[PDB]
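Undergrad: Here the structure of chain A is known, so what remains is to put chains B and C with the ligands in place on it, guided by the hints.
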Amino acid sequence: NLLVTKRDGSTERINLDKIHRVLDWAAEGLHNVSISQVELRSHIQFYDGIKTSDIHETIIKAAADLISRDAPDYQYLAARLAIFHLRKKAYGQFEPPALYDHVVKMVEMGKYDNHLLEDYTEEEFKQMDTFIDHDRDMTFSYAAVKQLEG
Amino acid sequence: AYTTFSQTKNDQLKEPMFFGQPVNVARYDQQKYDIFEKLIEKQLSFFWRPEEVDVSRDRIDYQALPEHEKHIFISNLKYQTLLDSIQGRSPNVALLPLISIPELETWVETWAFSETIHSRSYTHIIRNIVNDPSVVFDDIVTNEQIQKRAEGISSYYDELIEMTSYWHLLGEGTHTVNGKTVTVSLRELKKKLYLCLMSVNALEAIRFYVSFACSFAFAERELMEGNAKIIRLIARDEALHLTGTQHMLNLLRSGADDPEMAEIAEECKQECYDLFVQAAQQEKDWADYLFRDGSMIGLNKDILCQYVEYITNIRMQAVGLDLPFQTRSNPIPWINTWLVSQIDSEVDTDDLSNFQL
Amino acid sequence: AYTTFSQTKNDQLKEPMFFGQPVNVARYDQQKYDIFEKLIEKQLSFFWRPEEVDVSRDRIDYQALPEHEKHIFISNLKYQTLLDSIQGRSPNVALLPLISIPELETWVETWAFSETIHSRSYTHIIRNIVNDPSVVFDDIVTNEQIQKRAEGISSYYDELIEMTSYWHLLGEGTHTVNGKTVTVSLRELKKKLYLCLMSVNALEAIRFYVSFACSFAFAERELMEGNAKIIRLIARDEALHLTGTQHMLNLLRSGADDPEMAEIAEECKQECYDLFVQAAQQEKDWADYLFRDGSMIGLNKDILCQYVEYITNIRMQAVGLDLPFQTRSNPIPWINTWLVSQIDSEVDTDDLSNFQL
Ligand SMILES: Nc1ncnc2c1ncn2[C@H]1C[C@H](O)[C@@H](COP(=O)(O)OP(=O)(O)OP(=O)(O)O)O1
Ligand SMILES: Nc1ncnc2c1ncn2[C@H]1C[C@H](O)[C@@H](COP(=O)(O)OP(=O)(O)OP(=O)(O)O)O1
Ligand SMILES: [Mg+2]
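Protein chains in written order, with the numbering used here: chain A, 1360 to 1509; chain B, 17 to 373; chain C, 17 to 373.
Where hints are given, some of them may not hold.
Stated by the list, open to error - Straight line, CA to CA, 16 Å or less: simulated EDC-like cross-link-like pairs of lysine to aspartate or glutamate: (1) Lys1505(A) - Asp1424(A); (2) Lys30(B) - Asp154(C); (3) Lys58(B) - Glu68(C).
Unchecked claim - To list a few chain B residues with every Cβ distance to chain A over 12 Å, as calculated: (4) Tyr18; (5) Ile76; (6) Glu160; (7) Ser311; (8) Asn316; (9) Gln322; (10) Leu339; (11) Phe341; (12) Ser345.
Keep in mind that the hints were calculated from the coordinates and are not lab data.
By construction, the Cβ of each residue, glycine as well, lies at the ideal position given by its N, Cα and C atoms.
The shape of chain A in the complex, shown without the other chains:
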């Protein structure tokens, strides 16, 4: 009967199936990992109004510390969980925006260099968006992803 606080501020009833779905996705294709281990090692302390973004960061830490010689594939489970969390932090969703739409907003915010818009045209930016393979974020290890966001 308790409520979790979603990323957009709204709330809904706590559903552990949401957590099972995320972990089953992150453990897909991996060998010798355990959804149950990640949930139990999280020691996640629920309370009414718990932020859903803090919940996810907990299971990333838990899966990251399970990296061992006997279970080396946790380096990919924790990485896939970390990429997922990092997509939401920057975009609010999973799919990244277009390369042009992003550079426009970022140069406008002063976070990117001004020359990106001057030296490349929108037709050129869309052509490089076809080069991008956003599925290559699924080939990182957890140590790589933490150095990326860090």
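TA: Just chains B and C with the ligands, lined up with the frame of chain A:
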């Protein structure tokens, strides 16, 4: 005819495990198969009482559980009470009249006794988490999801006890009992024993360990920890129990004890395989019932069903049966923690001088 | 037909001790007769192991004994091994299919289990005083002076086990089994149960206590004290055991549990009297064999036979049987210690003046 003290002086070391001369003198200075003497010594060393465990804090944890998790916990407790209720009396009733070596006789009696401690501890746990224990106990016999497997498990025991009575009352041969013809085959009795032990092995090595997953999954959340200490003690005995049945089954299957038995064990291989597969399917269905109203952190239908397939392959391999499920890594690795216990500053310039930069 | 888990949901508090519905669920939150629940709790608290007792000094004392005292000790030990060999398996085999309330079922298995500890302690003592235990054990079955008394006790068990199998396989009624007619009477089965419990009561409360006198007579002379330490623990259990059979017998005899049984108990009253009297004569006969080659300080044929008659009157009176021997004071009172745990210088001249010499 069974006798509590057989008059014949038999060399107990040459008797078989079953169907030989009834044990007369109970001596423990020598053994034919010393595996059972070790099981006795180890079970006697594990002696524990339920009251010596603090379970008072568990009531707080139980009442704070979600409504469907009270059900998950209390259903696994009703099922546990039923299995170890059967296991309290059955090895004594079903095996003692057949045993013919003293070490196996005494082990079965120690095995059975240790099961009554489990039954007493379930009364201990129940009396400390629920308000009216009668609510839990009265549901055990009528429960639909339980009584299906309850009557199936007890049947292997009941049938072995019945054939044993005919074999003792009438002996081997074709008999007539009130008109109807009754055939008493020792080979058919040896077949009902082997099937029973197989059913008991699946009962204690698969059915209970699926239950262990439920009890210990709550403990990984630091909930029901008084229960977890008792279930941990039970799990330590349960490892001794299934080891006993494994050695019995393998000694019968390998024909070391009875040349006839090695052949009979092969005639049952398909029936025994179906026996284990049915047990594994029954527990997966039981898992489907536990999580019908929701799951919990670390355990759902998938996780528990994966452990059913995982532990079944392990148990069936130990008794020489074909693996019915795909190879799989342990889906709940956390359960294993519950089932097993300056500068040497001296310089030598001459040695350094032997150098060319 | 016996079932290890009866399908009927029955109020166990209203079932009789025996011959009711076979126990299904094993619960201990309630009892019909709480005497058996207390006996379980008390037996579990007395749990001891033989190896935790120092018996190393006993080999030296034994080898230093006179030859006829070696005979007394080792004969009383062989007889002890024989009796508790029967007692290890018999309560489990003969009573478990008949019991219909859970507290009595668990007590019988606990009772039996504690007897296997006795059987193991006899092996412990034997293996630590003699050089080849095989010589001691093999003589238990072959010695004609010993095995004679074995068949008297085992018969009451064997006959109850046989009638029980017929009552389960055929049910009550007149049957024909391979031509010959076989009548199964529940009243005759209740009669074989009551007679059996009477035989066990005389075994554990008279026969063994005669043996206790021998073990403790060596201890009063500070000899075989490691044996005496174990026998004292065994006697502490034996006091619980005979209390169980007394309570069963008295509940059956008064008809509080089963009115039909009050009738049957009266039809056996003469058989029970002769049963107890015979046991005393057999133990007096056994005493003649112990001292066939001589006596020792504090114990001879006369002394031990007086204790047989002394202890028999007490036991028979406890179950409503007539006293067969003359009244006598305890001939060995030392055994009871083993079978239980400035002058006030002030003067008043005025008071003295108020005087008349
Ligand atoms: N109802 C819920 N109760 C508990 N945990 C939840 C719930 N829904 C999602 N989670 C968990 C699963 C994820 O591992 C973690 C992050 O979820 P995520 O889907 O990124 O948050 P969200 O659903 O609030 O944002 P978005 O709108 O982007 O989906 O939160
Ligand atoms: N092809 C895929 N790529 C990435 N993630 C996937 C894919 N298929 C399934 N998933 C997983 C990732 C998420 O954990 C889950 C869906 O994420 P999300 O939109 O957050 O749903 P949710 O369970 O949080 O519901 P909601 O967001 O509506 O509350 O499914
Ligand atoms: Mg979401």
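Undergrad: Each hint should be assessed against the structure and marked as holding or not.
TA: Each hint tested on the structure:
1. This hinted pair checks out: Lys1505(A) and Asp1424(A) have alpha carbons roughly 13 Å apart, not beyond 16 Å.
2. A threshold of 16 Å between alpha carbons decides the hint, and for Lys30(B) with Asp154(C) the separation of about 14 Å falls inside it, so the pair holds.
3. Taking the CA atoms of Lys58(B) and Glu68(C), the gap is near 15 Å; set against the 16 Å cutoff, the hint holds.
4. Look at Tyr18(B): its CB is around 49 Å from the nearest CB on chain A, clear of 12 Å, so calling it non-interface holds up.
5. Listed as a non-interface residue, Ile76(B) keeps its Cβ farther than 12 Å from every Cβ of chain A; the least gap is roughly 17 Å.
6. Once the 12 Å rule is applied to beta carbons, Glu160(B) is consistent with being away from chain A; the minimum gap is 26 Å.
7. With a cut of 12 Å on Cβ distances, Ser311(B) falls inside the contact zone with chain A, its closest approach being about 6 Å.
8. In this structure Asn316(B) is not separated from chain A by more than 12 Å, as the shortest Cβ-Cβ distance comes to only about 6 Å.
9. Annotated as non-interface, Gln322(B) brings its C-beta within 12 Å of a C-beta of chain A; the closest such distance is 9 Å.
10. The beta carbon of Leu339(B) sits about 18 Å from the closest Cβ of chain A, which is more than 12 Å, so the claim that it is off the interface holds.
11. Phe341(B), annotated as away from the interface, keeps every beta carbon of chain A farther than 12 Å; the closest lies near 17 Å.
12. In this structure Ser345(B) is not separated from chain A by more than 12 Å, as the shortest Cβ-Cβ distance comes to only about 4 Å.
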